[PDB]
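I have placed the structure first, in the form of structure tokens, so that the comments after it can refer back to it.
All protein chains but one are shown in place.
Letters A, B, C, D and E mark the chains as written, and numbering starts fresh at 1 in each.
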Amino acid sequence: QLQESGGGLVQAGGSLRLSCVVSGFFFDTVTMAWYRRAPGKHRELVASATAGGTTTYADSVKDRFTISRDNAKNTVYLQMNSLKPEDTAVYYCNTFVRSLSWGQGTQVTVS
Amino acid sequence: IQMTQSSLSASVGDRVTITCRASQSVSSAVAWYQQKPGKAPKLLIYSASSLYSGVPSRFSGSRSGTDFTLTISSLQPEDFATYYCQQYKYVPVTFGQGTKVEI
Amino acid sequence: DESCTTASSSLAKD
Amino acid sequence: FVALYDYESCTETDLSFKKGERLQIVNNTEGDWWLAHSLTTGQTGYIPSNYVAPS
Amino acid sequence: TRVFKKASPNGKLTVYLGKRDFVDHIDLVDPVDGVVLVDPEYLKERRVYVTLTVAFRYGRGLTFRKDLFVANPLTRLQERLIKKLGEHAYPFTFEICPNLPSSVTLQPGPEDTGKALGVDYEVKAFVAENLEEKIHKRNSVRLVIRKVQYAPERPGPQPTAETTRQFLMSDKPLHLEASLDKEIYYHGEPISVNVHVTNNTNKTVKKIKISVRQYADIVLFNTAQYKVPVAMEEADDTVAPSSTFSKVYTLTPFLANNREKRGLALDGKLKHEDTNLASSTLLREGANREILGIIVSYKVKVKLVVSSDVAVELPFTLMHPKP
Partner (left out) sequence: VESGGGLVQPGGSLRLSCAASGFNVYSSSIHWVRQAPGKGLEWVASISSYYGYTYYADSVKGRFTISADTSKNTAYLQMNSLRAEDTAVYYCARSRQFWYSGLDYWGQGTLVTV
């Protein structure tokens, strides 16, 4: 099971920081991803953090997003800075392979 | 295991929506029953939005993960009964509270 | 390690 | 060389046989599935490994 | 629509499948399609291999199997899956030739505890630098699917058979005529064996024994043809010489009284679950009996006993209707 933090109402021009906590053995040598779901549509893939700490993005935007991966504390950090109305969605976290039980996510709303 | 679904408006010719949210990975094994007051149940939907052979295209269903929705496409005076959402995946078969229709 | 449990996921109707 | 069973395939590259004997191969395969040729049948294609017996 | 999915214990793999019940039409079998979602970190070493295997298990590993191998034509499901997932969803697809058998598991004996004894279909995906470096099972995924058939929509003629036999010393033969009310009976539906008998022989029927006998054979094993009684019924109706009898018995095969039987074929189980009696096997060609598989057929046996014995056997189709 996994749990996530952050999430809440934001206004354009600011920034929001999001993070997750992962139990089990699915974190240490496994890249950790994040996802976003549009209302009524399937989830979109946001960013990544690999085992070595470097990042690779499947995002079609690939602008102003910071990913921090912690190999010790059991957490993964995703950062939002370029807020756009399209960011109005519910954000989730899981592995790139989405191995862990896909649980409750967090919601971000702008404008 | 349990499922949660109270009073709908009886404005004819409208489209209404009722939600019956589960509490587990029920895997869409949900059927919606309906019985007029005093009579035995009559099923309308089973699995995902599969209408019963004896009812028009008026009725409809939906699905989103572990969230279920029944929707009457066009209210006609034929039906103002109570709808019971039931799951059949776990041996303690369970029902929703049920909602009647009264404006 | 033991095996995982077969789950399910959502794709678009279209 | 020897096949013990009945196997038929719907793929164009896969050979089908009824317990064939003496199927041609220079030596064992280089992957998982094997290649074979039959003189009496006269087609060349791949055959699965579990169905080849020695000389 | 929903698509099946399995994860890996390592957290570096995921297998998707549109369905785990692939309908077997008479001429073409549905294709197995899906996409494997894999971690680029171990992908940097080597790509992903996907395996489709079909195995038959008997005895108490003792297993004969066919292993189709694919190492990583796009159907609509494949296109949708890749569109949702993205770059690393490397697709795969197997084609099942029709001659392959369907999913059927036997009845487990109470003295033993096994997963199953019968045909199973499996889909696998792993990562390895070489084809022989299979060291860690923790890096794999094992998903089980089934292939099933449904009853044809064109039933045959009314199954009927009769036997006229003079019992020992007799004047004219006893005429037993048994007629089922159709050929395609769904699972559990009554078999209304219409029975008519007339006689002139001095003999008489003391008991009438009506039963449903399930016939199954193991093509892999030599001289393996198993039949066990199901829903045996023994009525005491009598017809003395020079009479005429007519009755409609409603027999019904079922599982409750036959659960203690050994080798009673049932429908294919995914988990350690419980399923109904096995369905019959369809085929449209003059196919040579494939090495793997279990062919299941049902026949109704009607028997008469006198102070000697006669009986006729009537075949019927026992399958689920097409959904």
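Please note the rule applied: a residue touches a chain if its C-beta (ideal position, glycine included) is under 8 Å from a C-beta of that chain, and two chains touch if they have at least 3 such contacts.
> What residue numbers in subunit E mark contact with the hidden partner chain?
Touch set of subunit E with respect to the missing chain: 186-190, 250, 252, 254-257, 259, 274, 276, 320.
> Footprint of the hidden chain on subunit B, which residues?
Contacting residues on subunit B, toward the hidden partner: 31, 33, 40-43, 46, 52, 84, 88, 91-98.
Just so it is clear, only the chains that are shown with their structure count from here on.
> Report, in whole Å, the distance between the mean C-alpha point of subunit B and the mean C-alpha point of subunit D.
58
> When the C-alpha atoms of subunit C and subunit E are each averaged to a single point, how far apart are the two points in Å?
So the centroids are 27 Å from each other.
> Could you list the positions in subunit B whose residues touch two or more of the other chains?
64
> In subunit C, which residues are in touch with two or more of the other chains?
1, 4, 7-12
> Mind pulling up the subunit C residues that touch subunit E in the complex?
1-13
> For a test of understanding, state which residues of subunit B touch subunit C in their complex under the given definition.
It comes out as residues 25, 27, 64-65.
> Would you tell me which residues of subunit A are touching subunit E in their complex?
So the residues of subunit A touching subunit E come out as 25-27, 29-31, 42, 45, 50-52, 56, 58, 95-100.
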